[PDB]
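Start from the sequences and build out the full structure, keeping to the hints where you can.
There are 4 protein chains.
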Amino acid sequence: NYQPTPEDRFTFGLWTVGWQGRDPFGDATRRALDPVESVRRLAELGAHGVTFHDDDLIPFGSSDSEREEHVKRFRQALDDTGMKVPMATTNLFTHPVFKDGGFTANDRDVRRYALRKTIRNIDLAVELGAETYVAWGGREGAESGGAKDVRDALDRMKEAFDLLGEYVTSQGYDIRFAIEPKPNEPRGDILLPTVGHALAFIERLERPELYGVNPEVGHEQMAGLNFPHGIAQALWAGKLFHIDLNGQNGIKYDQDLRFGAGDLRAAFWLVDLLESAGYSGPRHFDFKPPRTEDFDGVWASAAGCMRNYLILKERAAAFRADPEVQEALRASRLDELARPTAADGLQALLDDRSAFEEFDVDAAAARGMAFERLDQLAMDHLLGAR
Amino acid sequence: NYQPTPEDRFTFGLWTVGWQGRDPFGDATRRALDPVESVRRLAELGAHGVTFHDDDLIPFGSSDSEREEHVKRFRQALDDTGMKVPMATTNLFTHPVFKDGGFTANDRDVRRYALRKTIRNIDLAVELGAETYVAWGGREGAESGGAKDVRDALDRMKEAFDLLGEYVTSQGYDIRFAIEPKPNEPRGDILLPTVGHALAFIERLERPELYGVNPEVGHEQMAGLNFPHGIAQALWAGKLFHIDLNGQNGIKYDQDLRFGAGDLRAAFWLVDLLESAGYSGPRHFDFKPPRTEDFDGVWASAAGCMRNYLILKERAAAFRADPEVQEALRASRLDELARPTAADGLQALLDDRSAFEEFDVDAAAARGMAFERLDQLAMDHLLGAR
Amino acid sequence: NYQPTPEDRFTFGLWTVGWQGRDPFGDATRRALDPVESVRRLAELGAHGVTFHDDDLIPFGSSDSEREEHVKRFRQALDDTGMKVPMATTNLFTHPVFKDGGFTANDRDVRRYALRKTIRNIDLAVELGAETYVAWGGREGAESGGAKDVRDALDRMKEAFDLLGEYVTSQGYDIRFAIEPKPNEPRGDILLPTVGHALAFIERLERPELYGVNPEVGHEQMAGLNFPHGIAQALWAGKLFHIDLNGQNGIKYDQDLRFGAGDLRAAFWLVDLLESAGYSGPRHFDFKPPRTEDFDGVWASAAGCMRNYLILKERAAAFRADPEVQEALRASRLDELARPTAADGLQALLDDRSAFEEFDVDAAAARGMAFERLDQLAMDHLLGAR
Amino acid sequence: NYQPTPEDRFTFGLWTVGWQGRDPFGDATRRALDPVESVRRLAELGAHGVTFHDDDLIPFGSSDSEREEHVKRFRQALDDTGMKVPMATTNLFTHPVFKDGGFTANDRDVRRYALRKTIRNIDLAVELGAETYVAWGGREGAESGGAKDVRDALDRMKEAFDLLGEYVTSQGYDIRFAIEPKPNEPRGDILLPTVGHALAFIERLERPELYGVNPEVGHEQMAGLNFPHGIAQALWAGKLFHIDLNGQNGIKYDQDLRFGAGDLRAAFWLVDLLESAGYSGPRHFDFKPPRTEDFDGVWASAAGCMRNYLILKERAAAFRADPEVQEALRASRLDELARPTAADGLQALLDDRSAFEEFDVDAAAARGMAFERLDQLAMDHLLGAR
Ligand SMILES: [Co+2]
Ligand SMILES: [Co+2]
Ligand SMILES: [Co+2]
Ligand SMILES: [Co+2]
Ligand SMILES: [Co+2]
Ligand SMILES: [Co+2]
Ligand SMILES: [Co+2]
Ligand SMILES: [Co+2]
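Protein sequences, first through last, are from chains A, B, C and D. The numbering of the first sequence is UniProt numbering, which starts it at 2 and goes up by one. The numbering of the second sequence is UniProt numbering, which starts it at 2 and goes up by one. The numbering of the third sequence is UniProt numbering, which starts it at 2 and goes up by one. The numbering of the fourth sequence is UniProt numbering, which starts it at 2 and goes up by one.
For the record, the hints were derived by calculation from the structure and aren't laboratory data. Keep in mind that the hints are not guaranteed to be accurate.
Repeated chains share a single entry, so a pair holds when one copy, or any two copies, can fit it.
Okay, derived cross-link-like pairs now, SDA-like style, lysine to any residue, Cα gap no bigger than 25 Å in a straight line [to be verified]: (1) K159 x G239; (2) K159 x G173; (3) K314 x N2; (4) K159 x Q348; (5) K314 x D295; (6) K85 x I120; (7) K159 x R334; (8) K314 x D352; (9) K159 x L350; (10) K314 x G282; (11) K314 x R387; (12) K314 x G385; (13) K159 x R205; (14) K73 x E210.
Here it is, written out as structure tokens:
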């Protein structure tokens, strides 16, 4: 009956179930949640852990004694429930000081502050046991062309991430960074708008091994991209350090629907890929129960994230294990896709008349790929209609 | 009066002005053009050069004597006009044999053929003087999730590009590759869908220095991305080896409108960036005169590509040179964006109380960015309303 | 096992299974199909009938004796199989003469020709028993703003549809028209781009009762719209005279995937609505088997259209019949949505202090809508995970 | 120098310049503005008037004496400046009670409250001289398919608008309604998502003459539609009762950029159409100065809305008056588009062999439309490059 348990490694941000329902056009529809109560409620649903921005756990501007008490209460909730904290992050987007960015603000003093605020929370993240430190630069970008020279902004972005790498190395921490792309919202265009742009940027950092990506289902879908394809490219690069699961209906504002809502078939192929690849990180949900809901609906929406992942995991495993699917995959030459093109080497390929001079293009063109029969087997498995 | 001359380095594909007007739903509206006549017509408009797919210059399936005569006539047109050939590419998308891809076809024999067809045309490209060899993998991708394992496809894609690098190195050629991303069309999703994905992929090739990107205005806009921002990231990476200029209205089929049509302000900021950065490659137009047009409209549409680039070049230069704009850029702290965040180093930043303990977040938050006044100066310059 | 039979009223266009695979960037991948063979193959799959454009049944430019023989052979196939022809339409988009439109071409002679070509095929449609005559104005529109004055084009569009109404009335035919909106492709923008625009236009025709809409799943999705919502508005207006079923992944070129592919949950809610509303027209598929496929894949893709509709019909019926869903719908106040707001009348509402002066906004705001629990019951029914 | 004066009829909502900068992810960046100060500032810029939601002028929950004082101060500002109030509207979206809608909330008590809150503000609107009463149902819609039966919601929506028509008629008011479509945001899908859907809905009201549309540039662009085309359809229907001007970059969250930003060429063709059609309503700006700005940037952004409209008005008038453009419009057969197709009548068309039997399709197909030369004249006029 698709019941999650902590061994399934499902995690949730405090800001997800704790979202009060404020949007562009609307006031809060739910009261604030104490993080203690969200840890207890999430544990009762079978979650493994929780994640936080600095300012979700400790109100911005807290004194040291207030900070200590917020952390003490949260630690007690973690210890009472067995919940973990595998990931933490910094809020470099809510406060008005970040209206033009944190790490790429035009004001230099704001960039230095953003770094100090991040470093303070990396120390806390390590104390709470986090292995991954996410960075979503939601304010890095522009609404107009003259406001932001992107080459200078990328120079500032590299300096900031290099300084954070130097800091973790200096402290001997075993935490790694996961950069979260998004194409737009709240900025008109956000820097590092997709998984590809973030992977490319990481290759230019001083210590690329310290950084990966934290892709989000709905973010890549806001650019109309195929989320499973982008996760495959991140896995191919060895850079899937964390993932954010939710639902999105295409090219709109970021909806943050529960996982399995939005593009259902993309959710199926995502689960198939994570499970086939043996991804071992948390399955983290960055979602918002809709503001129509009361607290009972918040917990139902959170439970539905995990249930949908487990249903899709069963159907993807049955698809890949079905001998009729295995035969269809060979009929569609998925086995040949996995064989090297020319392990015989360049000169052998140049000398091979079967590759050019004596290649029958028309007989190869006539061979159907059989992809529709394979896809309807996938449909039938997903719908339980075999 | 914005008259282009060959010194402006404007280039056009044979397939652009030569497009006969066939689309998803329509037969040709114009007769085929002899490449000789397109070289002559383009030279008369002030173009610098032309580009080609193999199969635009030599019909697919030509004998050696037919091939020699097509090349001889084209060379004579180039010599009669002074036109150059700075770029060439392979057609790995029209023939039905490429229905599942060239370099990432599931059929191995098709992948080997795609490589041999590419290598034959690299030799011709070098004979005609091309410095850049573009690769647009328009058939690499899928319409369904089971049809294409993307990690295996990227392994095949890397093998293919590595073999092409080994080939050019083996021959001592001074040609470089430019990979052209596109998010979709004709495949439901195309592999390497954006500039970021292509830049990331190149970093994993055996000899990354041989490869850059060939971004196209309309391709990045089909994902709703900011094309000038993506060009800035490619320039930041040192990888803008070629560029395709055209117009697109957002998230649709690839419209291939003349340059300056589609998103006009994005065309302005693109020209501003290419000119500020001192980009020295061809300004290449990959566009289609609409099928409503006769040949006079084809040449008017081609002339309009160049005219719009030259108008936008004048207005962007006037914007950057205007002392009132220079003052607005300082008021918006574009100068501070270009200064290192912490050249004093990590420990100095950690010890700097002005970056945290004594940073007045509210006074920094209250300082307006003045971006709207700067953007209306940019508007006024673009519209000639100063 | 979800086996369709003719009683299910599934229909297919000749151009669907008969699509040879030519696209923007590619030559045909399959040979042409004789309409006789498509009628036989579709009947064997359990289809009810077929539909046609004039030029799919009779090649454009046929002599009268050729026309008679094409019609005779097609009639024999219909009689051999028991297949019906419930709908026909005109091709006013392929021939180059329609490059600027049929009914709204700027050239008046082309508009008059488009009307004569339509009227000739209305007579044939009636002879073959069609009840619905579709009109998809795929060439009505523009790529540039000066090319098409839209108020004048709508005047021409109304004249054309009014003349077609006068013609059918004059002949005593019992056929009705169904106008098919599309937002773009092949024109940069198409006139009557959505269901709403077409419904609005029909209200201004001389005899609106003769006209309804023929919405297509993928067309409304090319504008990012909710297809079930648009079908609900057409049903509310009494104007769903025909429907085109297929799949689409959001905002791209028109993919024409088999029904159930693309947005699966939207396919579920569409079937739920058509079945709840008692829609009695054909379930018509306007799709294209992908060009990767051979003929066996064409028939598998066609069979999959019908199978997916039948699976979704079973799951939507089980959802609506489940007493736990019925209780959830009452908890979410779907029953109250169906009750008049103020059957007591305006003055009673004005005098009702419970509607204003004594309405407790905070107690009403606090009541959760319970929509997430209702939606996860819908998910569980769709996936067979109850 | 493009200086607006009140005779230009530019109007602004209090909520536009008064937007404090709160978004999905961010706190306010500017202090609240007193409506008195916004009226004074807008008048100094040359605006004609202002518009309001009920709750922008009178805080929600005000006592009668507070209400009277807010209205008294606002009236004094209007009288001090000569500013008008041509339009008002109701806020049926911010308060949590409207989380599922106002007029189509599933809770009947909320629907009755939404009507009473609207009617109270219609009385105030009439006292302040408004001729148009806008209704943007931003909360009407859903995030999930079971939550909202759209046929029942449209029944509730018609009841509500019919009751409002009965109310204005009963009071003898000369105010008319303008329904504002939007496709999504804040709801996952909003009911009446485009101009077409709203026009269609109005035709089913009891007294359609009382209702028109209030289209917004950015709303239609959030569906990827052509805003000038949609305004042309509203003008063709006689239903453009008000218009909201702003900028948007395609398919994203609603950006509300100043008018002229976003799609510049669409802004040009919009101004060309409003001015050619002799639209006589207010040119209203529904925009948000970006939250990066301080108050000086708010007023610069507001001034830029008006400046851009006046620049585009000059360039569109010069385009239409240029004898070379007039010749190009005849070469493109825009004159023939405006002539009836068959004023000779149906039987004459049927008997006309020049329309079918003797129509030379190939000679008509060969005639180019000359649209690219016409569009580059439009480009040159817009850019001041003639
Ligand atoms: Co998100
Ligand atoms: Co996230
Ligand atoms: Co293109
Ligand atoms: Co290109
Ligand atoms: Co379609
Ligand atoms: Co269709
Ligand atoms: Co808006
Ligand atoms: Co508005």
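| query | Is it within, between, both or neither when you check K73 against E210 at 25 Å Cα-Cα? | reply | neither (33 Å within a copy, 52 Å between copies)
| said: Regarding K314 and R387, is the shortest C-alpha distance of 25 Å or less found within a copy, between copies, in both, or in neither? | reply: Both: 16 Å inside a copy, 16 Å across copies.
| task | Measure nothing new, just compare the shortest in-copy and cross-copy C-alpha distances for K314 and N2 to 25 Å and report within, between, both or neither. | result | both (13 Å within a copy, 24 Å between copies)
| query | Taking 25 Å as the upper bound on the Cα-Cα distance, should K159 and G239 be classified as within, between, both, or neither? | reply | This pair counts as both: shortest intra-copy Cα distance 20 Å, inter-copy 15 Å.
| task | Check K159 against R205 for me: Cα-Cα at most 25 Å, and say if that holds within a copy, between copies, both or neither. | result | both (8 Å within a copy, 20 Å between copies)
| field | Alpha-carbon proximity context of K85 and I120, limit 25 Å | value | within (21 Å within a copy, 54 Å between copies)
| said: Treating 25 Å as the Cα threshold, decide for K159 and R334: within, between, both or neither. | reply: between (42 Å within a copy, 19 Å between copies)
| task | Give the relationship of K159 and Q348 under a CA distance limit of 25 Å: within one copy only, between copies only, both, or neither. | result | Cα proximity of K159 and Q348: across copies only (18 Å, versus 41 Å in one copy).
| query | Between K314 and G385, at a C-alpha cutoff of 25 Å, which is it: within one copy, between copies, both, or neither? | reply | both (13 Å within a copy, 14 Å between copies)
| query | Under a CA distance limit of 25 Å, which applies to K314 and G282: within one copy, between copies, both, or neither? | reply | within (15 Å within a copy, 38 Å between copies)
| 25 Å Cα threshold - placement of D352 relative to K314 | Result: close neither inside a copy nor across copies, 46 Å intra and 50 Å inter.
| field | Identical-chain pair category, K159 with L350, by Cα at 25 Å | value | between (42 Å within a copy, 16 Å between copies)
Violated hints for the displayed structure, listed by number in ascending order: 5, 8 and 14.
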